[PDB]
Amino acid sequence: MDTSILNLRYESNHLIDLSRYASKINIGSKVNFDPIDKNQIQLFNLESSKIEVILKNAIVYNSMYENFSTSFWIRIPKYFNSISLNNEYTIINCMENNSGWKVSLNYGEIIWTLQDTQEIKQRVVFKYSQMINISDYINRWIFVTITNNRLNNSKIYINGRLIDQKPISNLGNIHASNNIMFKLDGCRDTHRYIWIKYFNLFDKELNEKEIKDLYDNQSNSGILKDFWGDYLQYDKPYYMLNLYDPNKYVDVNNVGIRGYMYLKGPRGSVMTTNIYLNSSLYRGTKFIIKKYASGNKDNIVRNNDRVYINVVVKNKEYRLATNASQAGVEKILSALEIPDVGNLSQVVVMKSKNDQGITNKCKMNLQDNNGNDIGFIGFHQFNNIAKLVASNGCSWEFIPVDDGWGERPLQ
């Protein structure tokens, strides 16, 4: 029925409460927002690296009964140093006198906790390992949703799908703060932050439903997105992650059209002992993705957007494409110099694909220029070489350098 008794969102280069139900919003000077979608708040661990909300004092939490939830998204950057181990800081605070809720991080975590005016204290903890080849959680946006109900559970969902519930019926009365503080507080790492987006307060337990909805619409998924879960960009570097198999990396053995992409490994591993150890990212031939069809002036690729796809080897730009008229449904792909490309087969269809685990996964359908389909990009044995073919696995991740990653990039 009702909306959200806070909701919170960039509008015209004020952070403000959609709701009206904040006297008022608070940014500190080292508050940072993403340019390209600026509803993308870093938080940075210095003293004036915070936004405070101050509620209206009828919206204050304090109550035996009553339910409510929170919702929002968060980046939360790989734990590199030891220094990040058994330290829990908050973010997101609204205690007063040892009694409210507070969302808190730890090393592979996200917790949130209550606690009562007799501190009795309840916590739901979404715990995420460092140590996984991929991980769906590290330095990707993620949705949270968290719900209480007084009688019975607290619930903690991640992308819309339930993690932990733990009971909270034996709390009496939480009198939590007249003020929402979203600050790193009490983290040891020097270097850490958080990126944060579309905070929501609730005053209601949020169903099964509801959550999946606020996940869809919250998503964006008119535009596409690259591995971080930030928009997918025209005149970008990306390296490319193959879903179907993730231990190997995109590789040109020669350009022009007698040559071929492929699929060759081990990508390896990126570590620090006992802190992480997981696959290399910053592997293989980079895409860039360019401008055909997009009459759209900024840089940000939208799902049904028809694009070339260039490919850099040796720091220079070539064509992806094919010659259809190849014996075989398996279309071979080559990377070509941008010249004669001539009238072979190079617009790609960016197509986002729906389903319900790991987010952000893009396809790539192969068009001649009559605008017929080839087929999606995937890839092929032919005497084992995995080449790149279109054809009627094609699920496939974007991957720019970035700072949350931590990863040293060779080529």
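Numbering follows the first chain given and starts at 1. Superpose the two forms; the largest set of C-alphas matching within 1.5 Å is the rigid core. What changes on going to the form deposited in another entry:
- With the core superposed, residue 30 shows a C-alpha displacement below 2 Å between the two forms.
- Core-superposed comparison between the two forms: the CA of residue 18 exceeds or equals a 2 Å shift.
- Once both forms are fitted on their core, the CA shift for residue 46 between the two forms remains under 2 Å.
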Given for the second form:
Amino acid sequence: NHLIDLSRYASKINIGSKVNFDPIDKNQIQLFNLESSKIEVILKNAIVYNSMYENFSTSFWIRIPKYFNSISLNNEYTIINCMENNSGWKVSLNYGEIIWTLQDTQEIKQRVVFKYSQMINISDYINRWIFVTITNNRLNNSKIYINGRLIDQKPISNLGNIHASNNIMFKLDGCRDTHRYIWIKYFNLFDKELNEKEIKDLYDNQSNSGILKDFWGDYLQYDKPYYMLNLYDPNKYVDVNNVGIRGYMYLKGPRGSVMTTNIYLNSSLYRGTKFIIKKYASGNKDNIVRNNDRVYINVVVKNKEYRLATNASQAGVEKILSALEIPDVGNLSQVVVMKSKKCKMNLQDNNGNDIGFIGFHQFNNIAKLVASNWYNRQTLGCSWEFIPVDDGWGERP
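Same protein, the form deposited in another entry this time rather than the form deposited in one PDB entry?
Coming up is the bare chain, nothing alongside it.
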């Protein structure tokens, strides 16, 4: 009974003791810069690549922690190796780079590369799950796609016979940063050149769209503190002006930055009051937040949890939100419907009527958090990301 997804391609899988399978999402695999943190796939014979003509493709998801140290500048290290006797294919990484390399049996090699900057306020790529697809047409081009989008392509018809390895080695090789690691999931191989339509369908059908995601791309979870990023005002963070029904929550700037030299320079993500999502009526007994889960939102002020709520009877369509003592909520509106199918939070009263998506509104040059049905009809002010502390980001909370 085969359980590991790599078994599709393997007659045998050898897993080192320092491979870490994520306990919440067992398909997410963590590989450290240690010699026992490796997965060796002995390929089924029909999968071994050995041809001058056969088109082929590969896809995988990857999450690459931010490069912190100058030791990582120009240090290309292999992560997925299907080379034997200097022919085959491999995936490697470098500072802000993902590299695909083909090499034939005649010393001729070609690369296609995706590059991402670490000098950017908010990155789509640093330490966040990335869907990678590389397609190879032997009489034409190699192409690399990131999150379903074509990034680059290079001619490869000058390459002759490619005789790849009988194995695939998942392992950090040649990396000089002792603390380096990667996360990977859903490695696949295809015996054709995938078209743009097929690539987008893999991206979509491996995105688990019925499950809400945090900022890094992991499953959103209950009972886990999250810093909030509003995508419509990304340089601001959430704070509380008094707890209780007289108070309100509001966006305040600026975030400020985190930086080391010109190794990285990014917006600070660990800012403001933290949200904790509480189970109330979830679709499942596990700890994962799913589309249409009905939840309560707790707000952390001075290391104490309060309840996000509002009096929906206040004048006007924008209902200003407060942070209340949990016993003080009474019959006030607090039920939030979480949505993935980026406006994530829809507040409802205890009769089931919509009060509106959670966003913000300007009240005399103060951006107060609101529930507002203007959003439900309408990147919006209700677009939020949930950011937990993560070792791949390295900022000090």
